[PDB]
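Only one chain is included here, represented as structure tokens and corresponding to the form deposited in one PDB entry.
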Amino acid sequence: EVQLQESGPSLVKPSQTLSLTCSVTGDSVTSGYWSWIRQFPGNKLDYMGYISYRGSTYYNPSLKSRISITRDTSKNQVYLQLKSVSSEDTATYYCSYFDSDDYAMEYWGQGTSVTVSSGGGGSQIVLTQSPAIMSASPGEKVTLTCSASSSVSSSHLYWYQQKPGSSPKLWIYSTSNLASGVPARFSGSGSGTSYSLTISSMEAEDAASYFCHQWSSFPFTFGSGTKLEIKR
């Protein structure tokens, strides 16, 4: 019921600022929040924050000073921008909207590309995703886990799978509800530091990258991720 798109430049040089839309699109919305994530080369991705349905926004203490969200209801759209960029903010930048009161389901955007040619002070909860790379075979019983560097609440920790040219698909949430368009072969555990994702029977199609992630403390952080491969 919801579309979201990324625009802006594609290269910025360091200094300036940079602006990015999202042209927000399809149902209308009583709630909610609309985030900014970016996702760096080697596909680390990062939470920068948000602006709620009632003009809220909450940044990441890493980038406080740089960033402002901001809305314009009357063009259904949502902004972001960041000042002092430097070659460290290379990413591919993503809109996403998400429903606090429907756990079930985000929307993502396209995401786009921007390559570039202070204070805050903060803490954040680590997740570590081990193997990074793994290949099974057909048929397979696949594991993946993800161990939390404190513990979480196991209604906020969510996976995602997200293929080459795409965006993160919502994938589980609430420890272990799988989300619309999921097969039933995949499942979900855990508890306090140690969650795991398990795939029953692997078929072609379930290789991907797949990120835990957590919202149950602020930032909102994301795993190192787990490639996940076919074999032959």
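C-alpha atoms forming the largest set that superposes within 1.5 Å between two forms make up the rigid core. Positions refer to the first chain, counted from 1. Compared with the form deposited in another entry:
Of the residues listed here (100, 137, 149, 81), only one shifts its CA by 2 angstroms or more between the two forms after fitting on the rigid core, and it is 100. Core-superposed comparison between the two forms: the CA of residue 27 exceeds or equals a 2 Å shift.
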Second form
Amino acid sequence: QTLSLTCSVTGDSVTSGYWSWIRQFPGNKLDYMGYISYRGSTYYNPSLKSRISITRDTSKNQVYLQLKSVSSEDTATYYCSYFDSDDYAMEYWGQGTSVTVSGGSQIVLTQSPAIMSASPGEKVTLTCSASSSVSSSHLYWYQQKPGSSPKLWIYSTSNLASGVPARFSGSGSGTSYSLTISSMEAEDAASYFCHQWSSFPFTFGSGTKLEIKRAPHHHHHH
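Can you switch from the form deposited in one PDB entry and show the form deposited in another entry instead?
The following holds one chain only.
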């Protein structure tokens, strides 16, 4: 029983780049499966390799993911991301197709805490601990709102994607990195995953779910 999914984020055009498949398990732990480059070369995450096969068909203009010998373990939502660059670097993510099946070492990134509780205007600080050293220009932060696919929020440790509101910043180097918000705003109620792609295989943090309380209220009418 094989899993076969299609991807088609990019159009015609396109002269290079890297299509990568990524799955998110329930629990939200993100997993980097592998990629296929324009000139045909692929990379599969060792955790599989024997099972996974990424391919493409410029004839149909579709990129495929074949995950042989599936089992309830592969139940997750699958994303297909496209990545290109010179100095300018483009990154777009597909929608996530949710898959459910029935039959019942690297740089590990440690997100903490698993769920930060914040009221509005409050200063917020999230930490990501890398099980080893990671190039500071290959450390990324993604924001994900329930139902949406990951949005590149901060790239190269401290650089804010265009449009990220000023209240955000990104600190770090070597094994300890962090993201902070000068002061909540409820539009920041999401999940933040740190990402590292300097060491193969590429990894993601477990997640911090960020959500704000309501703020105080009183009843001295009174």
